[PDB]
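S.K.: Here is what each chain is made of, one letter per residue.
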Amino acid sequence: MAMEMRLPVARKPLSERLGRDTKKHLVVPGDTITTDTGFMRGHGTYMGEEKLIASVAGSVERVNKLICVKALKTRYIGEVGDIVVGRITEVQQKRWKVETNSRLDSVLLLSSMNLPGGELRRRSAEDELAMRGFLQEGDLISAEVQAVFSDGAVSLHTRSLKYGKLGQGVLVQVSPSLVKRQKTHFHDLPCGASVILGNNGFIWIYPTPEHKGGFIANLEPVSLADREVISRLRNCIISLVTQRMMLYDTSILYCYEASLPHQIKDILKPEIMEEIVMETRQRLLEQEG
Amino acid sequence: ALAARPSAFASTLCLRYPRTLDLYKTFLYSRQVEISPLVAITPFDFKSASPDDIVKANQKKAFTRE
Amino acid sequence: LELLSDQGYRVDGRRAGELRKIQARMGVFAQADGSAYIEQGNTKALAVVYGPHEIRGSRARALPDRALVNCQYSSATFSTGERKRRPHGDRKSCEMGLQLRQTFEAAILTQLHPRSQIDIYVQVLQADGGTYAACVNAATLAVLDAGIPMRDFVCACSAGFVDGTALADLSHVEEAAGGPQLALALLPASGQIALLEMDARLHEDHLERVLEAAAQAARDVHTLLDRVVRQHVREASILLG
Amino acid sequence: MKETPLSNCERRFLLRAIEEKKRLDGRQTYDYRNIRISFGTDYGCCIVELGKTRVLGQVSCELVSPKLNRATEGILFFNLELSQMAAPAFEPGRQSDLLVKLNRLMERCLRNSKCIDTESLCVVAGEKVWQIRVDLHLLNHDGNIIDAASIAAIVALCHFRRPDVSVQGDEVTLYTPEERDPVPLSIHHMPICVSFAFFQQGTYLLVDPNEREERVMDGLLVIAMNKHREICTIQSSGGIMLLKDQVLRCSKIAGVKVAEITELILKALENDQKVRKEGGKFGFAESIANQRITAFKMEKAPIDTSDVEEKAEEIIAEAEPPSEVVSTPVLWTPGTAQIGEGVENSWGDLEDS
Amino acid sequence: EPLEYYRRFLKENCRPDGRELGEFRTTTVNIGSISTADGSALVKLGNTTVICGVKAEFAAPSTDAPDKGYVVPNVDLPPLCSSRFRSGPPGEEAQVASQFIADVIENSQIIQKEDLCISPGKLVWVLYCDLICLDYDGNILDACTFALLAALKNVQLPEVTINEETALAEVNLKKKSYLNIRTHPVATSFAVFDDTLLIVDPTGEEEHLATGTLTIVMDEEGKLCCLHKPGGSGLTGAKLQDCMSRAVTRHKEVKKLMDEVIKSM
Amino acid sequence: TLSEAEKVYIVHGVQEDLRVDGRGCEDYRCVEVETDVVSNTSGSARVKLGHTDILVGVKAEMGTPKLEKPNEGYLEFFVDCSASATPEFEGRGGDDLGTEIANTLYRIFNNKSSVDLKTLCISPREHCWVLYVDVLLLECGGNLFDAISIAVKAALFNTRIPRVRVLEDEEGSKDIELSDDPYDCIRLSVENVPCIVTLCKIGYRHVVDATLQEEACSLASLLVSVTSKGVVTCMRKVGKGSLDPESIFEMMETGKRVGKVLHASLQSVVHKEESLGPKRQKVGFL
Amino acid sequence: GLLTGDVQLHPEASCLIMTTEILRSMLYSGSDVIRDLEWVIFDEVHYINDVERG
Amino acid sequence: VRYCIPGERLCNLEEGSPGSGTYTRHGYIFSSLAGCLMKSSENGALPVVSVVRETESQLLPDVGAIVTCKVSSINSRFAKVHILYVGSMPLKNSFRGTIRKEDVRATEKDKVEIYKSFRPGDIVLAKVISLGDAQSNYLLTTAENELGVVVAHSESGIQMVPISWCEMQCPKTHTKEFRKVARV
Amino acid sequence: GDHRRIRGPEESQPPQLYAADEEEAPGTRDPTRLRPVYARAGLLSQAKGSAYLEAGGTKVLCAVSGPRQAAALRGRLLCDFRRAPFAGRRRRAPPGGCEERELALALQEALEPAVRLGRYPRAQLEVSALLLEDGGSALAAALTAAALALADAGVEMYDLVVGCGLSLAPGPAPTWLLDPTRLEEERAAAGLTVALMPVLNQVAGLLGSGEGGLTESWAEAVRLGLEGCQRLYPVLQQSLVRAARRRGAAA
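Going down the list, the protein sequences come from chains I, E, L, K, N, F, A, J and G.
Residues 1 to 212, 217 to 293 in PDB author numbering are what the first sequence lists, from first letter to last.
Residues 555 to 572, 579 to 593, 600 to 632 in PDB author numbering are what the second sequence lists, from first letter to last.
If you read the third sequence in PDB author numbering, its first letter stands for residue 3, the second for the next number, and so on.
If you read the fourth sequence in PDB author numbering, its first letter stands for residue 1, the second for the next number, and so on.
If you read the fifth sequence in PDB author numbering, its first letter stands for residue 9, the second for the next number, and so on.
If you read the sixth sequence in PDB author numbering, its first letter stands for residue 5, the second for the next number, and so on.
If you read the seventh sequence in PDB author numbering, its first letter stands for residue 381, the second for the next number, and so on.
If you read the eighth sequence in PDB author numbering, its first letter stands for residue 5, the second for the next number, and so on.
Residues 3 to 72, 90 to 270 in PDB author numbering are what the ninth sequence lists, from first letter to last.
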């Protein structure tokens with residue numbers, strides 16, 4: 001124990017450590033984008049007088065008639081069939097309210113929920129009294145968006161077997177732009193734990209469910229060899245998310261293996277992240293390339 | 555740890571405020593001051615239909631739906 | 003006291019149409035959804051914004067057609083030579099937060115977030131000269147950092163009038179001299195004015211030159227902040243990919 | 001409670017009008033609603049009526065000690081106020097974002113223009129000096145509160161008359177209107193506010209708008225400018241986005257209007273002084289229209305105060321005298337005594353122990 | 009139910025308190041218990057307990073008449089005496105209960121401010137009398153007045169002497185003087201029922217159902233100081249003349265009480 | 005807030021000397037303290053313990069001594085709670101927390117030997133120096149007490165107090181005459197300025213420097229004020245649960261040891277920052 | 381309830397009568413009606429041999 | 005007989021069981037009130053020991069409880085009330101409630117016009133079903149034959165009388181009005 | 003100044019700062035003694051629960067209001100501390116004070132570990148305490164009385180709360196004293212107040228600040244505070260017994 005108290009170090013600008021030139025088209029608000037005969041406005045731009053004017057900083061992306069600007073910092077926007085993770089913030093008479101880092105709140109209707117029993121017995125107003133008992137305030141679920149409302153609100157449903165109330169683990173919240181779109185957002189990494197890559201920026205890490217909806221509590225102590233894996237994945241996720249890294253299965257697996265040589269407690273330094281992110285960068289370079 | 559006896563302020567703060581002829585004369589009440603009902607049946611003894619009970623026993627017994 | 007020498011030099015050494023040195027920054031804080039930091043001359047400002055969220059309190063105070071802009075203003079108790087501590091009830095803070103709400107209810111393209119609030123906070127760490135334009139520029143940078151779409155890049159600058167000439171970017175010494183001060187909030191592409199203010203007396207013949215000098219000094223602030231934004235976006239584009 | 005909502009037929013009709021350059025109450029673009037002033041009996045009190053708006057102004061002075069620093073001037077309070085009776089919406093603590101911009105407009109205009117001479121309001125320095133205190137109230141809201149409030153403050157300040165003092169050696173003395181004649185004030189110039197409204201994104205403007213026209217407008221432009229050709233404040237506000245030719249046009253318009261308004265104010269104050277000096281009757285009472293159904297006047301009346309003695313005498317004589325059961329006070333121990341039905345025991349002791 | 013139930017006792021001529029509709033509750037007082045105040049007194053009126061305390065300080069005389077010492081009363085109603093009072097700034101009931109006491113202090117001329125000055129134009133005494141109600145059962149303005157008058161009969165001030173070269177104030181804490189009291193204003197309260205019934209010494213429930221209230225305060229020479237009638241049903245000269253006949257006996261009772269408790273030292 | 009299962013996982017982890025970050029039951033996260041950041045004031049500090057952010061300022065001004073003692077000055081604290089820290093801190097709402105912190109700081113510094121009081125008096129009964137300590141919360145990320153009790157000792161170490169030699173003689177110029185030197189000042193001897201140590205209790209183990217998540221799983225906590233010499237100034241128990249007598253005695257030892265290490269390492273870091281002077285520049289907020 | 385293409389009556393009734401394509405239409409989405417279904421019966425099963433609708 | 009303080013040793017877990025207003029820890033039974041020591045022997049030995057003050061000044065409502073109320077205002081889809089009595093005993097303060105247009109009759113049926121069921125000023129007997137939301141707090145019900153308005157009041161201040169299951173009639177002017185009469 | 007009160011002089015310096023009688027000498031005593039205490043419960047008639055605590059020169063009155071409308092699943096516990104202006108050497112401003120808010124928080128963070136709020140969902144309890152006279156340790160009286168009032172108001176609690184107080188002598192051989200008075204508190208260097216649950220044997224609240232810096236004196240201050248809270252219990256034991264015996268027999 002020595003209680004290191006370091007001193008701030010000046011940041012090096014221009015990202016000169018590697019050196020690259022962009023070939024994209026970059027704009028700032030007020031800039032006049034291409035103003036040809038006929039074009040359609042996207043998200044991030046607006047129109048003035050015979051002009052397509054950018055309204056947010058980013059890069060223009062066009063697919064064959066469409067000028068739009070992709071900003072580099074936004075909040076989550078809902079889409080149909082998207083895996084999300086959220087927390088209950090209000091329990092109403094006929095619905096819950098879930099916070100998922102969006103411009104509004106998200107509604108989980110009672111009509112769409114795997115109620116206890118998990119089969120066809122009945123659904124009536126007798127369940128409404130105890131509905132506000134099990135999905136109480138401040139719980140975690142993992143559902144899928146159903147439809148888009150008329151004011152940007154999202155309705156999410158839990159009509160499957162992999163969805164429902166979650167159990168023990170840790171949660172890490174990041175910006176909703178570092179997650180790579182895929183077809184399998186559920187993972188079972190061969191390390192000793194699992195992960196859910198929420199498209200809204202919520203990362204949930206929990207141990208593997210041994211063999212084989218919130219019905220099981222399983223509030224029993226978790227073995228020592230599982231916590232060290234969860235802490236390692238937590239720190240590695242923080243390390244990749246910090247500088248630039250987009251999160252998905254291979255990057256986390258690559259960084260986890262690179263983190264074995266030295267301890268889990270000592271990786272909080274500005275330089276140990278750099279020496280791990282660069283090593284993962286070159287492993288991706290020597291594998292993809 | 556001996557408990558003690560009260561004193562004036564406490565023994566007056568803890569006061570419980572809980579015909580004998582006539583005094584304060586001017587302040588009596590006498591000195592200072600047809601109905602044909604034709605009432606209906608007085609209660610309604612519920613001896614009759616009470617619809618909720620009707621519809622319930624009705625449908626349960628009936629149990630036909632045709 | 004001389005506020006303009008015969009040679010043409012001011013008290014601090016700059017000419018009539020010369021600005022101070024500005025040094026901005028984007029992305030200062032991590033927890034918030036946006037941040038900025040600007041030091042215009044010897045005035046240090048700061049701005050923090052929070053993205054469109056659920057309305058606090060939920061007291062049915064929403065607008066079904068647009069968003070709710072909420073701007074505050076504060077000042078550190080060591081922001082000037084004397085302590086001058088104030089409670090959070092002053093009408094100077096209220097009028098500054100109302101001019102801030104007025105200009106940002108006009109600059110932001112707000113008809114895209116129905117039933118939503120936007121919380122904007124401004125903190126002044128050292129006040130010497132124009133505070134309004136430093137707060138506007140710091141919150142313009144913070145809003146750009148947060149990714150909120152807006153019509154243009156609003157920038158503000160002040161001006162003055164001494165001895166038949168028009169000044170630019172007045173300081174506290176020049177401000178506390180009883181002169182016709184004047185401030186704008188300009189949109190460079192269209193030339194439109196979002197806010198106009200004035201105090202003290204001024205003849206009607208000299209309004210055109212003070213207003214023109216203020217607009218030109220705002221267009222001069224625009225280029226310097228534009229190069230900062232372009233370098234920041236090229237920095238993140240290089241980092242991303 | 002709140003104010004009645006605005007329909008979708010009135011908006012269409014007002015905008016069709018404005019497009020057609022014709023207004024509701026007949027007046028063309030560059031017009032004011034005519035004005036009507038009325039003076040109280042004690043100095044510094046007036047009632048101005050612009051169209052159908054009312055403001056009450058009242059000045060009053062007082063002698064205090066002049067802070068620390070600025071040992072040779074006087075202070076000048078102001079306090080705008082919005083009366084719950086002005087309109088349904090006004091509520092004592094629920095309209096706190098209009099009061100601020102209004103007080104500010106008023107104070108910046110009146111106090112930064114330096115038209116009142118606060119130089120010559122001292123008696124000693126470091127010692128008692130006069131502290132004036134303007135006061136305005138809004139009585140009836142029909143739009144354009146600030147033009148009326150400014151004219152009211154002007155007239156109230158240009159009609160006041162101070163007390164007056166004798167100072168020689170190191171000795172004070174305070175007179176009264178019978179011992180010495182009240183004294184006027186010194187007013188350099190006459191700063192008078194003007195307002196402009198913009199309609200459908202600056203394409204049209206209308207001078208001096210009323211309350212419906214105020215709810216169908218984008219933003220407001222105010223230009224406060226004293227007589228001669230000297231501007232004293234401007235404050236763009238509302239929802240407006242302005243050009244540069246328009247500010248100059250507006251400044252011209254405000255010039256013209258302040259010229260006319262100062263003409264009117266001077267004439268009215270002159271007439272009032274002439275009336276006060278001839279020796280005729282003045283005051284709020286002799287202003288009530290007599291040609292109107294809603295006014296009635298009644299001179300004095302002895303009612304008949306011939307009978308009150310007899311009635312009072314018989315009433316006192318005709319009622320029951322105080323009774324004569326007198327109560328006794330009980331003494332427990334010096335410090336506490338009781339009167340009433342009393343308590344059985346002397347005091348409680350070991351009641352439960 | 010509400011109106012009809014009470015009138016059963018009214019016609020019976022015995023209200024639920026066990027009173028003959030024209031008699032007062034039991035009254036008791038104590039003086040000289042709080043030793044951190046110049047003067048204090050506790051008043052018990054069969055519930056409706058009120059305590060007052062007096063603190064004396066120095067202050068600068070006013071600019072108009074620099075020979076007067078201020079006296080400032082205040083009445084506070086904490087949320088513990090009753091259950092309808094809520095925390096925060098003082099309410100309407102406490103403001104009226106304070107303006108009434110200020111008016112009584114002014115009109116009654118119980119004290120003269122010229123007896124409090126030390127050196128004219130330089131220093132004057134100031135008296136801070138604060139009343140706190142410990143229990144609200146009814147008839148607040150009677151016990152507040154009795155608490156104030158009882159407290160003012162015990163406050164004693166030390167002899168203060170001002171030097172000439174030093175010009176400071178030297179307090180002689182050994183020789184302590186008394187206060188000069190001129191009159192003894194005692195109040196009495198009546199509650200009027202729907203249109204004709206008047207009762208004495210009401211209760212919170214009765215005030216909850218009554219339609220008016222009247223208060224009259226008398227001197228020791230049969231002179232009225234204030235006639236507080238907030239409004240209600242309406243009265244006649246005969247009814248007022250009936251009220252003052254009871255108030256004379258009440259005033260004699262209270263003045264005998266004060267004349268006896270002070271004698272016991 | 006966090007769910008019951010997360011609270012169960014966290015409380016189980018603490019009992020196994022493992023935490024979500026990876027440190028132990030007694031580890032302490034690093035800080036980025038700095039000095040001389042603000043111009044208009046006469047001393048500054050900037051402590052960054054994590055997601056939290058502190059910024060303080062000390063200004064010495066002329067004043068008058070109080071009545072009880074004439075040969076002394078006094079200290080004035082004002083813990084502002086800026087609304088940029090949290091949206092719920094908008095306008096009114098940060099008043100109770102600011103008052104709580106200001107009163108705690110007053111209790112910490114309300115002693116005869118806090119720093120000194122003879123040095124801040126120049127003329128008895130007529131003049132004295134006054135110090136205005138102005139804390140400004142910029143962000144909140146847990147352990148707010150220690151991140152301020154460190155920036156106060158840091159800022160107090162950087163005071164100037166420009167020397168005044170004015171003679172008090174009536175014949176002479178009694179009006180305060182300064183030294184006219186823009187760079188002539190005097191240090192403050194802050195060697196034994198106390199600091200706060202927080203000890204959150206989870207399960208039957210006590211944890212130093214708890215995070216917000218680890219604070220939400222705790223029921224009570226204890227604060228100890230220890231100087232560099234190892235003496236106690238203030239001791240306040242804060243929480244919503246009982247603590248038990250034993251845990252007081254076994255928390256006092258951890259407060260002593262953590263205080264000693266904190267003070268020695270802070271003396272070393274401030275001396276390292278001071279050994280090289282006008283070089284090394286100054287970077288902050290940019 | 382009748383969920384025929386050209387006639388829509390009581391879409392929330394206890395018993396729904398509909399064409400076959402409606403069943404797949406409500407089976408692609410959730411529609412929260414499958415949870416309270418006890419019996420689903422088909423009236424003409426001989427369209428498995430249909431050349432365009434089987 | 006002996007009284008209690010909200011903690012003391014009373015019995016072992018083998019020498020009895022905890023009852024109402026009590027808690028247990030470390031194999032002992034501890035008091036949690038200042039009432040009276042009551043041991044309900046019942047049948048089967050091992051009495052269920054409990055402490056009850058038996059002077060209830062206030063009592064919090066539950067999921068299921070009978071309450072006497074007083075209508076404040078009525079709406080087309082709900083009717084705000086004020087809880088006045090918890091079963092029998094008087095209540096020192098007044099809570100709030102709401103009867104939705106599903107709890108009037110014992111069938112949860114359609115129709116059931118709220119306007120002629122719970123006219124304001126009446127006193128009704130109802131049962132709670134829930135602890136409610138922040139808009140409606142107690143969510144009372146009258147879906148029973150024994151629940152409904154019990155003591156009504158006339159248009160001009162005359163005690164009213166039940167006349168049928170749905171209709172009541174004035175004794176003075178013989179006027180017909182609609183209520184929801186509960187069995188006496 | 004204030005528009006909701008009666009305005010008097012703008013400034014008023016009390017005569018203590020001009021009091022020419024020099025500060026006297028407190029004296030000496032035995033530090034193993036407690037001031038005799040008399041306690042009464044159920045005083046007020048319009049309050050759901052009340053208690054009055056008096057010992058030596060301290061007079062404090064506490065009243066408890068019942069549950070009202072409006090961590091839910093749990094009820095709040097509002098607290099309010101206020102002392103009479105005619106208490107102590109000088110007068111005090113009626114509007115409030117930071118010390119009062121500090122003692123209110125020291126009350127709220129000490130009475131919540133006793134009551135079980137998991138039985139009053141969406142409800143709240145309000146506790147009001149008033150100090151009629153300040154003649155010694157005050158926070159050791161606003162805890163005992165506000166705990167007696169709660170138990171007498173028919174709310175369910177795990178146990179009572181018993182408080183104590185201590186102070187440090189200023190001599191060259193300082194020693195902690197039990198139940199200090201104003202003559203032994205204004206001449207002291209430090210003070211400590213403990214809140215002990217006598218049956219559960221768990222400390223509820225702790226507060227102390229001063230000039231005592233050795234971590235061997237505070238161990239004694241704490242454990243003699245615990246012995247004091249174990250010696251004040253029997254009087255509070257018979258006070259609630261008498262309160263319930265009298266309240267029940269009135270039916």
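These aren't lab readings, by the way, just hints derived from the structure by calculation.
Treat the hints loosely; a few may be bogus.
Under the rule of at most 25 Å between Cα atoms (straight-line distance), these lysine to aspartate or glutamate pairs were calculated in the DMTMM-like manner [claimed, not checked]:
no.	chain 1	residue 1	chain 2	residue 2
1	E	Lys-585	K	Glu-341
2	L	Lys-86	F	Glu-181
3	I	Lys-269	F	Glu-181
4	I	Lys-70	I	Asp-21
5	N	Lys-183	N	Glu-173
6	E	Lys-626	J	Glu-112
7	I	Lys-97	F	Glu-94
8	J	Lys-105	I	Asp-21
9	E	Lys-622	J	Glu-112
S.K.: Any hints this thing doesn't respect? Which numbers, in order?
M.R.: 3 and 8
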